[PDB]
Amino acid sequence: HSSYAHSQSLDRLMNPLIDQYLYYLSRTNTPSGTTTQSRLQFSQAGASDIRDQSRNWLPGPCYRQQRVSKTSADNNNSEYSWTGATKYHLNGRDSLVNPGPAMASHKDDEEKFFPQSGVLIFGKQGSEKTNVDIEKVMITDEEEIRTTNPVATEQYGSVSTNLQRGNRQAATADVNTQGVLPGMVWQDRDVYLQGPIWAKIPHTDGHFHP
Amino acid sequence: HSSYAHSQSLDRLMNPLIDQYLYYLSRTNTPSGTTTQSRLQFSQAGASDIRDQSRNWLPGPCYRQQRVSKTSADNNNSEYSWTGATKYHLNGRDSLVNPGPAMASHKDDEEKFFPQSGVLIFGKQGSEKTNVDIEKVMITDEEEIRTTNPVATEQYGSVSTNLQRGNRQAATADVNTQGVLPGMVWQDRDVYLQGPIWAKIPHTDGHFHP
Amino acid sequence: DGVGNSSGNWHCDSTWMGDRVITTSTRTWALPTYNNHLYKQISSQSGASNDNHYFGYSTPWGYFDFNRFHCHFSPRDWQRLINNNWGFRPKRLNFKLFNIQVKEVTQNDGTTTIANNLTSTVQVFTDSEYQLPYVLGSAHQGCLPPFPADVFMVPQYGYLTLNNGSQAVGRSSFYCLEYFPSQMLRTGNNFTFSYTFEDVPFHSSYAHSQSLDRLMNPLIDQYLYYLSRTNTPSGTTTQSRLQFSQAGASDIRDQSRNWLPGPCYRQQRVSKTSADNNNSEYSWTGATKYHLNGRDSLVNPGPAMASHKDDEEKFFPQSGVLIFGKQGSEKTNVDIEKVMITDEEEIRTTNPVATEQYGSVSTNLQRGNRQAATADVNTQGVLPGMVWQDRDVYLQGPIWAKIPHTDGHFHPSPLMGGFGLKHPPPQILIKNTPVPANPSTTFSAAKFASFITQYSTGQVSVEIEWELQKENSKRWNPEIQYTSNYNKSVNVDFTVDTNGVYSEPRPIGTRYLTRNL
Amino acid sequence: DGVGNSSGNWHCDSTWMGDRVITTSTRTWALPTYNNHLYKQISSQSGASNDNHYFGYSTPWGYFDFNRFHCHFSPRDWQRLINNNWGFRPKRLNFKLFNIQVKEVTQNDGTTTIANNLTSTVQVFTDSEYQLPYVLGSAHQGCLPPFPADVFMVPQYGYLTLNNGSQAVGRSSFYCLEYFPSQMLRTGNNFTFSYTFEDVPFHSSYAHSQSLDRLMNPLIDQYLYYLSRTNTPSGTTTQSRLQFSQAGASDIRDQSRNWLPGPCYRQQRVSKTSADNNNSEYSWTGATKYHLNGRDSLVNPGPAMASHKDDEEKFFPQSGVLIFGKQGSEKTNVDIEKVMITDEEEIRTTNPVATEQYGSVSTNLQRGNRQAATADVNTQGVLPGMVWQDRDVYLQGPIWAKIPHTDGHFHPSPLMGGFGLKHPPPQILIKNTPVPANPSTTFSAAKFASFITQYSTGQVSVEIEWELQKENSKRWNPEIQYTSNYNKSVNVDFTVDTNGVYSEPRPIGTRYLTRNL
Amino acid sequence: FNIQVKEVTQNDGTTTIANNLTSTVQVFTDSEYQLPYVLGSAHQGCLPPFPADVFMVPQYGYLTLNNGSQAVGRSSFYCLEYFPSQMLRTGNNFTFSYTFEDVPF
Amino acid sequence: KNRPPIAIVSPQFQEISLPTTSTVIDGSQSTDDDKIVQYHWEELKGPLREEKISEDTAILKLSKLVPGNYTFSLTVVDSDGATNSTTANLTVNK
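Sequence lines, in order, name chains A, B, C, D, E and F. Following the working numbering from start to finish, the first sequence increments by one per residue and tops out at 246. Following the working numbering from start to finish, the second sequence increments by one per residue and tops out at 246. Following the working numbering from start to finish, the third sequence increments by one per residue and tops out at 537. Following the working numbering from start to finish, the fourth sequence increments by one per residue and tops out at 537. Following the working numbering from start to finish, the fifth sequence increments by one per residue and tops out at 336. Following the working numbering from start to finish, the sixth sequence increments by one per residue and tops out at 98.
By construction, these hints were calculated from the structure, which means they are not laboratory data. A hint or two may mislead.
[To be verified] Label-pair ranges, simulated between beta-carbon atoms:
1. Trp-304(D) / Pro-52(C): 52 to 60 Å
2. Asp-513(D) / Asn-203(B): 37 to 45 Å
3. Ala-283(E) / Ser-260(D): 36 to 44 Å
[To be verified] As a list, the in silico PhoX-like pairs of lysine-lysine whose alpha-carbon atoms are at most 25 Å apart:
4. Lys-60(C) / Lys-5(F)
5. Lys-494(C) / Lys-236(B)
6. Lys-358(D) / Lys-5(F)
7. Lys-442(C) / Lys-111(C)
8. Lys-106(A) / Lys-508(D)
9. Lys-143(A) / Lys-65(F)
10. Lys-351(D) / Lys-467(C)
11. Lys-346(D) / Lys-5(F)
12. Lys-334(D) / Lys-358(D)
13. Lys-467(C) / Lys-346(D)
14. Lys-143(A) / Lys-508(D)
15. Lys-490(C) / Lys-236(B)
16. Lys-116(D) / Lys-60(C)
17. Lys-358(D) / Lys-60(C)
18. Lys-172(B) / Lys-160(B)
19. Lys-165(A) / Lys-106(A)
20. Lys-116(D) / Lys-467(C)
21. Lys-508(D) / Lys-148(A)
22. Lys-467(C) / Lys-358(D)
23. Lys-98(F) / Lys-68(F)
24. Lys-508(D) / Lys-65(F)
25. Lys-60(C) / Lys-334(D)
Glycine included, each C-beta is placed from N, C-alpha and C at the ideal position.
Could you put together the complete structure from these sequences and hints?
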């Protein structure tokens, strides 16, 4: 079991001092004084444009949860518990995933937010069986796998939808479910002092990363 | 080859008698007489709320087919054969998947429904080469892998699309293509007395679950 | 050894054996003093965007990089590799530093006088336990030159750490590289080590002579039935008969099989022609931009997909293709004729086109009143039954990359192409030992700030042994091979100019031979 | 060996074994010419006070000092030491001088030209018989730097002798250090020796989880009787009944035992807050000032006592605590925010608070007319039944000190903390050999006064083996450990700045684990 | 030795004491000195002076660090079931030997 | 000491012709010495009756633009608070 955090993120694995020898999407027009003329320019990225030098590896798979606040004021005044759930569907009946795939609970400096059914929630001493408040529970945290796993309450990415030409624009999408692609690395879910130790792998024909 | 069905489903792999020690999404408001106040409550699930206790494992991948009825009355009066097909795209030309990934043919107690190009269809004796009726063919069935594989004519799930706050609501999606995530287990397609025995794996760099 | 004795010879050769090739290179390097012998915290304190913040350290150390294929292969030896072999992989390497000369320089009235410094050392160690940040495999400049007569400058070592904006975190590591045992080398001394590659798969240096959707006999029909027709022409109306057919030749698109194409992550389509592109700034706004820790990052190039479909060669994915440069191309904002866009048109057989959909899954549950509506699959994760190819390697692309030490990783091929290695060839770190200048004759507890300005030079040798995978084809007609144009030209390709400048005219891939699926 | 051959390698590492850690360090030094190769009588002839008079000699010799814990331990390796071990002690060391370069400098019209001098030597010897004054252990500057990339200057050796004011005495010794056999070292030569530490006790790197006055069962009473009450409430008056009680829980202060707290020597109490201190010059007038040979001397820090009591963290003893400095803090009159005051709050269990009394003994013999009057014990020598702890060691405090060769010594722990050694690691003395300038062609019986101005530089290695004492605790709840703050900050602690300056933010002690009394 | 476990019953204010032959009694020694050493504080509940007297075994308890009546983070808690203890029914017995160090007379 | 958060916008002139009335303005180019937490887009000029998409992101998405002259204002907020505002001009000709 990986009992280490990562001291580096997946998108920061390179030398800032040295540029790359590859070229990327720098600019697709020119400021020509008044108009543009679509020159299709290309650049290198070492430091100043560090987001679009890219590499051999991708973040792990996703399955998007809702975002629920610790603060009761920043949550909705509706019954979005089951209606806003993640609910995998099997043999004509739905079932909450709880917690589902291992993803980060939240992004940088948003600690009051947690995925709706993506985090193990233990209890305090003497907490009742049903309908206990937010101070009677202990929500765990998966903020150490922000380096390789996506944030559970957010998108994986934004793939393209159209084929751009001279009249219409390029339109993207919102990748909310991403299956495993080649080149993905990820971390499993953290183990806890009061969480489980093992589980039986079901005797099936197919199973991936058990 | 797995020549066994499963006597248990993937979402029913636990003890009904014993609750879990985790907490989940129970309720996101209170009935306060007239209004709500967004308390963000948490519960345990053993028996009465069995859909949203969840575990270590997910169902297999999907690629959604259309649903065609055995009964000719419950089908459409249009030419939805190729226009409603599943049609993977390769080198600028389309190709029906037929049958594609191993999924369940139908859900519980809907036996008159079959995926459009997701099931091997053999023939009877003396059936002609082209344009034969529904009684001249023998449609197979993959109803034994309803325990781990999704239904082919249905969604995989419903991921989130937005980031909810006090004014707008949480909106979900409809997962129609799900690639393989870590934690997925699945079954392969059934073999038949008149189906094929083997196939050559193509000599490629990459292949997953051949 | 001594001062007037050479500590090594020039070995720059390649020997071809029955299933081996041992490419030996030798270059002349020059190592300056970086940061004036200081470790410097560096960050985005000078106003960067949210995606552009970093935090790290710059070291006084140089590092040797040879993670390019032209560092080891001449264009002739690369041509012998790619026209005769279905595969190759590295087996072992051997590294040498020798003939090390430390030169000191003096500020003699604006006229710099360079003299020897025979008693000054140069510290060298290897990160053989992988306990420093592994900067290599991020495709940086400063490798060995392609042409063996060129003297190169050793790049400065530096790494990034965890950052929350431009600030740091408590989990951020600082590495002093003098806390490592390093061999100290005067003139006459030399440095060697050997390294053995792990059992990596062969790189597929073959195209496919068959596509994934054309893997069957046209002469023979199938025994399965499919979706032929869902109504009847009944003269005037329809009656939804739900018909079924067989497909051998005439309806070849919807007989289907055991295997699916590889995964996708859709890029935009940008034309080579400037007229067929948009007049807008769709560079970052139309990008592919994976999202991680609240900050976006271009995928560049991302998963291995085909660059374009049949007979559309003027189109390329926006950030899905490695883009090298020509000779003398500037660092920023160079035009389309100053770059060389590579091409992944050989994996059209198994990988999807990057600028297009994967497929069209269903969205609804059709009944007698509403119609079946499909979707547009733009991100497809890996399903069971998928086969795919990795990205092509190039003569000037990278060779390996370190697989990150994580719990989970799937198909660890580097997305810029190459060999995924859990234990890559180690970092070779080099640094001039600080020689202080004249100290005061009274004691001062402060650190030294005045040093003799000096640099070092020497020769470096790398010797990688490669294992070949020979073709065993029963193909009758001849195969496509990389050839040189045998017509008259001003300059011969992959040679020097009249000014003595070496250049590479085009990216040479490695998929020229063919194998069946 | 020769000129163009290295005489040693850079070894700067720490290897952790089952009960050993071998910390190896390597630094680059620079040795000037001190006193222009002369021995100089120095004294307080230029007007010093009676407590400030000295008499001694300054030598041309440099000395190597590595009597700081940061010379050997990185902040990570110090953290491994203090969070996992109840004790540590040094076992053996190994010292090396190598890669020695002698540089000569020239007065070329205000432009100094520095050249090699390949035939000039450098004299090195060790005081392995302890027959020179042992200057080390007085906590002087000029040790090895904390950060291995820093070049340091070797401190000038000099000693003090007996003095009657600023004048000397007939018993005053003069030591010529050329009357010692010293190894002479050109370039290519190297110097080594090994040293074995004597059997010293382990340093207590544990706090106590129990206090000396709380070492009993609250549930069970004692079978002894004590001073309960010496009268009766008789309605209106008293009658002196002399009553006696038992104490288990409710009267827990006056059940007492076999053991007493350690000795004391009372300091003043100075606040961190400038408002709670006095507006007077109570620095020397309120000092603690031991008196010896008619002259006073601040104790600084004196006996090991607690810095403060419970929940008074803003108070510190006036001269009872080691006070280190921050980076770039000046030599004199720096403010309270430029210094780092250490803390001895872990020995509140056995040692008294330094700013408070030891106790209150009786003064009179009470009878029917006068009352019992107590006292205020401000100096308490060691009584039988006392247990105490020594002073904490720090990452930038000293390691050892020489025990003076005297008839009597009691509990020879150095009062600045560390290991009392009768035979400490010896002084390593180094000096540039005088190379004369151009002599006259006629003979002169006078000594030479004109020398070639030259300095030397090189590398120095120290390798101390330490013996660890592992924790064997049955404590249930987790223990207090030294951690880094894992929040966002501008600079990572114990790293370099943007200018490349290493700093230490705070003093790290060694008492983090706990053991029972 | 000769360990007898007796169970008592609340039979209408009349306590009936019976044997419990299958009940155990846990015994261990702090032979590594990794609990607080309460002995030597001169407490009651030792062996009686006169051999015919039956005594009651004292309850074990210890003190820790305190800042007033509150605790400190350095305060240790010891679960004594986290020690290997010999379990003793009737018929079982417990022994150990101990050797004093060289103390002065 | 954070200065403000210096904001800059993807081009200030975005000439559009009918029928394709859909543009994208970006504020990912906005820089600061630390991370920008809050983004804010606000329409200043232009005709009415347009639905808005993602007013609280760094990237604008617009659809069904009535032809006119729109003016927007990118507003960034520092952590902790310091506010800079720049504008961007639209022109939708027929």
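Do the hints match the structure? See the list:
{"no.": "1", "hint": "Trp-304(D) / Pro-52(C): 52 to 60 Å", "result": "54 Å, holds"}
{"no.": "2", "hint": "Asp-513(D) / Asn-203(B): 37 to 45 Å", "result": "43 Å, holds"}
{"no.": "3", "hint": "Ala-283(E) / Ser-260(D): 36 to 44 Å", "result": "41 Å, holds"}
{"no.": "4", "hint": "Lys-60(C) / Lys-5(F)", "result": "20 Å, holds"}
{"no.": "5", "hint": "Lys-494(C) / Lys-236(B)", "result": "18 Å, holds"}
{"no.": "6", "hint": "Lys-358(D) / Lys-5(F)", "result": "22 Å, holds"}
{"no.": "7", "hint": "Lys-442(C) / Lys-111(C)", "result": "14 Å, holds"}
{"no.": "8", "hint": "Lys-106(A) / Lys-508(D)", "result": "22 Å, holds"}
{"no.": "9", "hint": "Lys-143(A) / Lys-65(F)", "result": "24 Å, holds"}
{"no.": "10", "hint": "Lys-351(D) / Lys-467(C)", "result": "15 Å, holds"}
{"no.": "11", "hint": "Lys-346(D) / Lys-5(F)", "result": "23 Å, holds"}
{"no.": "12", "hint": "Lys-334(D) / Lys-358(D)", "result": "16 Å, holds"}
{"no.": "13", "hint": "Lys-467(C) / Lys-346(D)", "result": "14 Å, holds"}
{"no.": "14", "hint": "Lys-143(A) / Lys-508(D)", "result": "15 Å, holds"}
{"no.": "15", "hint": "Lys-490(C) / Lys-236(B)", "result": "21 Å, holds"}
{"no.": "16", "hint": "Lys-116(D) / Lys-60(C)", "result": "30 Å, violated"}
{"no.": "17", "hint": "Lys-358(D) / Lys-60(C)", "result": "23 Å, holds"}
{"no.": "18", "hint": "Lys-172(B) / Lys-160(B)", "result": "6 Å, holds"}
{"no.": "19", "hint": "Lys-165(A) / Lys-106(A)", "result": "20 Å, holds"}
{"no.": "20", "hint": "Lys-116(D) / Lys-467(C)", "result": "21 Å, holds"}
{"no.": "21", "hint": "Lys-508(D) / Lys-148(A)", "result": "18 Å, holds"}
{"no.": "22", "hint": "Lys-467(C) / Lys-358(D)", "result": "19 Å, holds"}
{"no.": "23", "hint": "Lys-98(F) / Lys-68(F)", "result": "13 Å, holds"}
{"no.": "24", "hint": "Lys-508(D) / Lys-65(F)", "result": "34 Å, violated"}
{"no.": "25", "hint": "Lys-60(C) / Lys-334(D)", "result": "35 Å, violated"}
Consistency with the previously given hints fails for numbers 16, 24, 25, ordered from lowest to highest.
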